[PDB]
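Asks: Residue-level listing of the chains:
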Amino acid sequence: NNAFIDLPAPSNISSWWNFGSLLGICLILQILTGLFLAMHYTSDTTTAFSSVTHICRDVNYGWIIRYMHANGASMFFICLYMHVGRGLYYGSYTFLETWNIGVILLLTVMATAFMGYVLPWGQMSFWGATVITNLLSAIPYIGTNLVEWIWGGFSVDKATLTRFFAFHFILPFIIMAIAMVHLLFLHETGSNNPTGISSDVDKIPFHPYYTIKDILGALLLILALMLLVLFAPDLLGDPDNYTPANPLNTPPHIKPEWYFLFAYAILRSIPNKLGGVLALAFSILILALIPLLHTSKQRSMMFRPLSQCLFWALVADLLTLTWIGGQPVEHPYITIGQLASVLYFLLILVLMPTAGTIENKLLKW
Amino acid sequence: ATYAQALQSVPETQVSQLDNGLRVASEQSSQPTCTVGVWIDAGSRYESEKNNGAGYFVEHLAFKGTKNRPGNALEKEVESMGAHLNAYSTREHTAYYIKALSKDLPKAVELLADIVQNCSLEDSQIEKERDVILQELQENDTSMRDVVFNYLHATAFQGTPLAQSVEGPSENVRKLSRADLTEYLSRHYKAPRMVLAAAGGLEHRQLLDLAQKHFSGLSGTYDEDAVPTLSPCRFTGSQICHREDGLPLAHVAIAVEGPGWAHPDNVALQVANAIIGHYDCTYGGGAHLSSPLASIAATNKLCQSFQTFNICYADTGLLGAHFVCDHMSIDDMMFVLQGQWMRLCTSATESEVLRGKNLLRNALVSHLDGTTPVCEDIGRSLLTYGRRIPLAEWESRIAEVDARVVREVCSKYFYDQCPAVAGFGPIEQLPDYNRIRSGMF
Ligand code: HEM
Ligand code: HEM
Ligand SMILES: C/C=C(C)/C=C/C=C/[C@H](OC)[C@@H](C)[C@@H](OC)[C@@H](C)CCc1oc2c(O)c(OC)cc(OC)c2c(=O)c1C
Ligand SMILES: CCCCCCO[C@@H]1O[C@H](CO)[C@@H](O)[C@H](O)[C@H]1O
Ligand SMILES: CCCCCCO[C@@H]1O[C@H](CO)[C@@H](O)[C@H](O)[C@H]1O
Ligand SMILES: CCCCCCO[C@@H]1O[C@H](CO)[C@@H](O)[C@H](O)[C@H]1O
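In order, the protein sequences belong to chains C and A. With the deposited numbering, the residue at position 50 of the first sequence is 64, and numbering never jumps. With the deposited numbering, the residue at position 194 of the second sequence is 195, and numbering never jumps.
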């Protein structure tokens with residue numbers, strides 16, 4: 015009830031406010047399909063990949079549970095990025111506590127999805143585990159020690175896969191708890207709305223207005239998920255993970271899961287190890303800085319044309335980075351990727367805050 | 002005697018009719034005083050947007066002087082014999098009545114006849130009353146109860162004559178002309194639309210002769226093109242919320258469409274309304290009151306007061322309740338109230354219905370106590386039912402009601418039906434219409 019029924023809600027929130035519930039649904043979907051996959055999966059490097067093919071070939075409906083889990087992960091990120099985008103555009107980040115927990119949630123889901131991708135032990139699994147864990151080797155003096163500690167040896171091996179199964183199993187439940195805190199902080203203020211103006215003078219009950227909208231949204235999410243699972247289950251996946259892990263050979267066109275491509279492009283744009291890892295980390299952590307960079311006298315971008323243009327430039331730029339992350343490190347992609355990487359940080363750190371100040375002067379305040 | 006034999010001892014109401022259509026009805030007793038008056042089928046339901054408020058304006062002029070008794074002459078005559086002259090207008094009926102010594106019945110009938118037929122309507126008086134009415138409109142604005150009930154009619158009967166207030170909009174008050182009034186009068190104040198009623202120490206034959214003597218000139222024709230008939234009024238499930246956080250308490254009125262005067266179902270509905278009852282902070286019963294709504298409200302301090310009602314009009318009506326409460330108690334009050342309507346629709350018990358029946362029996366008889374309440378019952382009944390319904394009949398109708406009848410009748414008017422809702426004051430907590438609608442099932 016104090017999470018539904020009589021909860022006061024703005025009368026004017028749009029469908030962009032539907033992603034919070036879709037994220038909750040994605041998480042429950044992942045936990046359910048995941049638990050059922052865990053009932054058949056074995057984490058020994060000699061049997062991991064085989065146990066997954068066993069799930070898809072001989073377990074009753076094992077294939078639909080497996081592909082719902084795989085594509086569910088993709089739907090999770092689509093929803094995450096839409097959710098974060100909504101927050102940025104409408105200035106929802108001014109709810110500092112809710113927003114910062116939000117940042118933690120994004121990072122935890124990324125870590126969870128990374129480890130999950132490692133479980134089937136395919137080629138992408140093994141090299142992703144290799145590359146991502148090695149990000150820690152960028153830490154001075156103790157980096158290498160930390161990596162080997164995480165691996166449980168001098169290289170990714172048996173000990174690594176077994177602990178990744180354990181971490182992947184439990185983290186989602188921690189995410190669920192953190193999500194509940196995310197919501198407890200939000201309830202203290204109530205939701206933001208498209209105009210960015212307090213909606214206390216025009217609130218409506220959550221039920222039936224948004225309970226029905228949430229259900230409609232849930233149905234559409236399920237339609238999208240099942241269109242992928244039933245008509246194109248491998249569309250968003252990588253063919254290379256259908257090949258067992260081979261520690262002596264890295265595929266020549268290896269690339270990250272689609273939802274990690276933009277960050278990959280940013281890291282690849284910097285011909286310095288520490289520099290790339292720092293840029294990678296900052297590409298996500300900069301989210302925690304957004305509230306401090308807010309210069310506008312108005313909360314939402316609804317009434318700010320300049321900010322809007324820059325916002326869409328930032329989206330187009332992330333799309334640019336996503337595209338580049340999927341191309342080989344060759345001309346002209348190298349330069350485009352570097353320009354796109356620079357623009358990303360330039361937009362967030364300089365252009366948007368500056369546009370806010372310009373807009374303020376234009377309105378004489 | 003038993004309550005049963007006492008019922009059969011009430012003198013039967015005598016009814017006669019003049020050539021011009023005027024009905025004359027009376028109930029004789031041995032009281033040395035009486036009440037006699039004229040009830041008319043005229044009210045704002047008969048008015049259009051152009052002349053809405055005409056009837057109320059006329060009420061203001063009715064006692065200000067007649068052609069035979071100009072100015073305060075009518076007034077002096079009423080007062081000098083120690084009589085009392087009063088009047089009232091509703092959306093369907095208008096009444097002018099006098100309380101006087103029984104021996105003064107002849108002069109009383111003459112004065113009423115004079116009032117109803119020879120009203121002066123002096124232009125200067127009309128201008129004075131214009132200001133009086135405007136001031137009364139301002140005063141009425143301070144009565145949250147009157148405001149909420151006018152709002153309930155405005156929304157429940159939106160787009161129909163019943164949506165109109167009796168007093169009319171202020172702009173009509175500023176513009177109504179004598180022409181408008183004389184016109185209204187020639188059209189509505191006809192003998193076939195009136196009932197001369199009287200109760201007290203007098204005989205029907207005397208009243209009838211006095212009526213023949215003083216009311217025969219009253220028109221009983223009109224014509225054919227100008228015979229104001231009533232069209233049914235559509236009821237609309239809707240809500241009107243006038244938020245004013247400056248007011249200390251919120252007033253809420255909610256109702257479903259009722260059946261209308263003539264319907265037999267009104268008795269069972271009255272029984273059901275008696276079960277839920279009424280309440281206010283000064284009631285001594287508190288936590289022990291029989292009505293669940295009343296005891297819950299009293300023990301939990303949910304409201305200052307509440308009252309169920311069954312407002313009847315020709316072919317429709319407002320069946321529901323009104324409550325006054327603190328801004329934080331509206332949802333709770335609505336929750337308990339709707340829960341009680343649903344409990345009656347699905348689970349009314351024989352014992353609570355018997356209580357309801359006994360409450361209704363007591364209300365009926367205790368209401369007809371005195372010549373004025375009786376005279377009003379005669380006048381109104383003749384206009385609405387076309388006859389005076391005797392107590393023995395009311396008892397028979399009440400007797401026929403049991404738990405089964407209450408569940409079925411309540412289900413017919415309350416269950417899964419769209420209500421009309423009116424709120425005024427600090428109503429931020431008044432439930433959304435969808436939530437109220439879902440509460441109906
Ligand atoms: C497991 C992931 C997450 C879940 C389950 C989740 C869930 C929710 C829910 C249910 C709402 C309310 C409905 C809505 O407005 O969408 C909400 C609001 C919000 N969330 Fe999240 N969220 C998640 C991740 C994040 C992330 C990654 C961020 C940002 C870095 C974030 C920032 C916010 C903010 C600022 C609001 C307020 C929105 C507004 O009212 O304008 N959330 N979230
Ligand atoms: C935030 C929620 C979760 C996310 C984002 C997530 C994501 C993933 C990803 C990306 C994969 C690889 C899919 C593939 O291509 O094969 C995976 C595998 C796996 N996940 Fe999850 N997962 C989540 C929750 C869970 C939970 C709660 C469990 C177990 C209790 C679980 C069990 C598994 C198992 C056994 C595998 C290996 C089988 C397979 O590859 O399909 N997951 N997960
Ligand atoms: C024990 C647990 C540990 C160590 C967890 C740590 C998790 C760290 C981060 O999550 C918080 C991390 C997942 C997140 O960085 C912000 C991603 C955007 C990293 C993106 C990423 O992916 C790749 C990938 O998937 C690959 O697959 C085949 C291959 C890759 O190059 C060959 C990459 C790669 O070069 C990068 C930068
Ligand atoms: C819903 C529309 C998503 C965009 C469709 C293309 O999707 C792309 O297809 C490629 C070849 O099949 C894959 O290698 C790549 O990983 C995938 O993201
Ligand atoms: C979004 C802007 C597109 C980027 C254009 C990159 O352009 C390329 O830059 C290289 C840098 O060494 C040059 O050697 C090469 O000749 C040039 O075509
Ligand atoms: C629900 C019962 C409907 C019919 C009730 C009629 O009731 C009857 O009406 C007569 C005329 O008024 C009375 O004389 C008689 O005593 C009474 O019992």
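Simulated from the structure, these hints should not be mistaken for lab results. Among the hints, a few may not be true.
Below, in silico cross-link-like pairs of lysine to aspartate or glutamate (EDC-like), each with a Cα-Cα straight-line distance of 16 Å or less [to be verified]:
#1 A:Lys108 to A:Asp210
#2 C:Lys217 to A:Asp433
#3 C:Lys217 to A:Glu429
Only part of the chain A face toward chain C is listed, based on derived beta-carbon distances under 10 Å [said to hold, decoys possible]:
#4 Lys129
#5 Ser330
#6 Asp332
#7 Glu429
#8 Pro432
#9 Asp433
#10 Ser439
Computed beta-carbon distance windows for the label pairs [as the list claims (entries may be wrong)]:
#11 C:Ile226 to A:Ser348: 29 to 37 Å
#12 C:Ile45 to A:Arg405: 33 to 41 Å
#13 C:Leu363 to A:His243: 47 to 55 Å
#14 C:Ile45 to A:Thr283: 52 to 60 Å
#15 A:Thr283 to C:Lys378: 57 to 65 Å
#16 C:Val329 to A:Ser348: 54 to 62 Å
#17 C:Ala327 to A:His328: 42 to 50 Å
#18 C:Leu377 to A:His328: 36 to 44 Å
#19 A:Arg235 to C:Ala327: 23 to 31 Å
#20 C:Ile42 to A:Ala263: 57 to 65 Å
#21 C:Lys378 to A:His328: 36 to 44 Å
#22 C:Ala238 to A:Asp142: 54 to 62 Å
#23 A:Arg405 to C:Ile42: 19 to 27 Å
We put the beta carbon where it would ideally sit given N, CA and C, even for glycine.
Asks: Among the hints numbered above, which are violated by the structure, and what are their numbers in rising order?
Replies: Per hint list: 4, 5, 12, 19, 23 violated.
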